[PDB]
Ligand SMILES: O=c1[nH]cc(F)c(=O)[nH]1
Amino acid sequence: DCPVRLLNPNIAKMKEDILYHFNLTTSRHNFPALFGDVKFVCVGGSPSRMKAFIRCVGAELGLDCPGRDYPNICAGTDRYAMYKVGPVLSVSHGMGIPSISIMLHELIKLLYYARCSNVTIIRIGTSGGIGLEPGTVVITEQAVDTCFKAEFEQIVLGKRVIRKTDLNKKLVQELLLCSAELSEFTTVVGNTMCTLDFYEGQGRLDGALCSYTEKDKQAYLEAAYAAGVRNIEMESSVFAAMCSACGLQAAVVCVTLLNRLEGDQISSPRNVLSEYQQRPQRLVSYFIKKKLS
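Could you give me the structure of that single chain in the form solved in complex with this ligand?
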């Protein structure tokens, strides 16, 4: 019903397209036959988390056959990993705007060549909370910049280009509904601030560099909280400004690993942090199951 579209008049004249970072080529691969049935894409930082995600949702849908694995569709490259089970695609994206950008440029063309339509895309990951207990799942209402505005800036040919961040409201609602049914963890809906640096960029005091005080930070965070911000991470803004523009329905679901009003160090036991990081997976695999039933 709603096809994945590119916003680029230069693609039609190309004889082939090398998705360099995926190690996939329009000449070597039957894209419509490989990926044409994709309806749900889950993305996150880590290749192992994304394979775990693909195993878990394969089980949830019961396409989980005994023994056998989900091959890395991008095995051979080491930039991104990719997995698939029925209409679900799993894709790692590393850390930061540039890393997910490259993945998203290539994934969106991949889906376009595959002539995919009605695609829901969900980012799962981790974040720092503002005024939330650690381990809280935040469903992102708006992906915002460091002014707390629903905007994404990039430089194109030396000029600053402002594009809007848009996450699907209906999708936000569906995921919230799912979480109240599950009732396995605190879930909130808030704005998510995207940064280009984890230390000075997130107002941390424990970096190799720090140009400000404990109270400069505290007052920036409180300002953020007042403007609707509930968490902080590194990939939401570019994700929200590309997916919508290309006809994907996008959501972001992150767990908080700490409350940033109370500290900076991520000091919880490994096991606790591990339990926290299952939570976006749990919510999103359950949501996919509920949508495909």
Contents of the next structure:
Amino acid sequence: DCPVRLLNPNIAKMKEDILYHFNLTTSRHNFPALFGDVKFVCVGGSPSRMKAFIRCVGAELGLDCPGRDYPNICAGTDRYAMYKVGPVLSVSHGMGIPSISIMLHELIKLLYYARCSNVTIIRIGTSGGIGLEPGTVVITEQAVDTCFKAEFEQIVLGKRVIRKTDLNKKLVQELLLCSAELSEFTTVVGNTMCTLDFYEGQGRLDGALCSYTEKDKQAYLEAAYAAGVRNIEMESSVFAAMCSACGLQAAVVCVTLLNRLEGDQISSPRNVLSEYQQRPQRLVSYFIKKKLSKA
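So that was the form solved in complex with this ligand. Now I'd like the form solved without this ligand, please.
The text that comes after this line covers the one chain and nothing more.
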């Protein structure tokens, strides 16, 4: 009913398409039979996070078998692992806008070639919080830039193309519901600032280059807060932009590992951090299980 769509007329005019970073191709792979049942896609930085994710969701669905399962489906690029169980796909996207951007182009084409429809896609991860306790889950309403605007700027053949970065409103409400229902941890909705850079792009004071003070950083974070920002990470903006353009229902669910208004490093004990790390996974696998119990 909402099919995945490409916005590229050149594709229809091709002999074959190779998804270079997955080593999948239209000449060799039957996409509809492989991926046509896919309804939920979860994405995150590392293969180990996405592998823990698929094992959690498989157990929840009763699809967990005694053998050596959830094999990586794809190849050629270590940054990208892909796992599948029933209607769920779990894909790592690596670090930074360029790395997730390549993955999303090829993922969206995969899902298009598979004739997927009504696809929900959710990014999970960690983030620095602004004015929240360590361990709070943020469901992103808009993924904003360094001026706190809901816009992603892409340069296309030397020209600025501005795309909006709203997450899917209904999906946001559904995730918030799941969380209020679970009542296992503080969850808020807020905006998420997506930076390109970690040391200077986030107002950290420990870079090789820094032209500002603690006091300068605090003023900037206080302004981000007043503009609706609750957390900071590095992949959400391009994620949001491309997913709505191509007809995917997108959300971002990040846990905070610290409050940047109190300084730049993580105080929580190892055992505490490790329970925070599982929070986005907990919410999203619970949400998927709920959705597949009402289907």
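Residue numbers count along the first chain shown, from 1. For clarity, a rigid core is taken as the largest C-alpha set superposing within 1.5 Å between two forms. Only residues modelled in both forms are compared.
- [ ] Overlay on the rigid core first, then point out the one of 186, 117, 77, 218 whose CA is displaced 2 Å or more between the two forms.
- [x] The displaced C-alpha is that of 77.
Open item on the list: Aligned on the rigid core, do the two forms place the Cα of residue 269 2 Å or more apart, comparing between the two forms?
Closed with: After core superposition, the displacement of the residue 269 C-alpha between the two forms reaches the 2 Å mark, so yes.
Task: residue 65 CA shift between the two forms in angstrom, with the core used for superposition - done: The alpha-carbon displacement, core-superposed, is 1.2 Å.
Task: Shift in Å of the C-alpha at residue 253 between the two forms after core superposition - done: A shift of 0.2 Å at the C-alpha.
TODO: Having superposed the rigid core, state how many Å the Cα of residue 166 shifts between the two forms.
DONE: Residue shift at the C-alpha: 2.4 Å.
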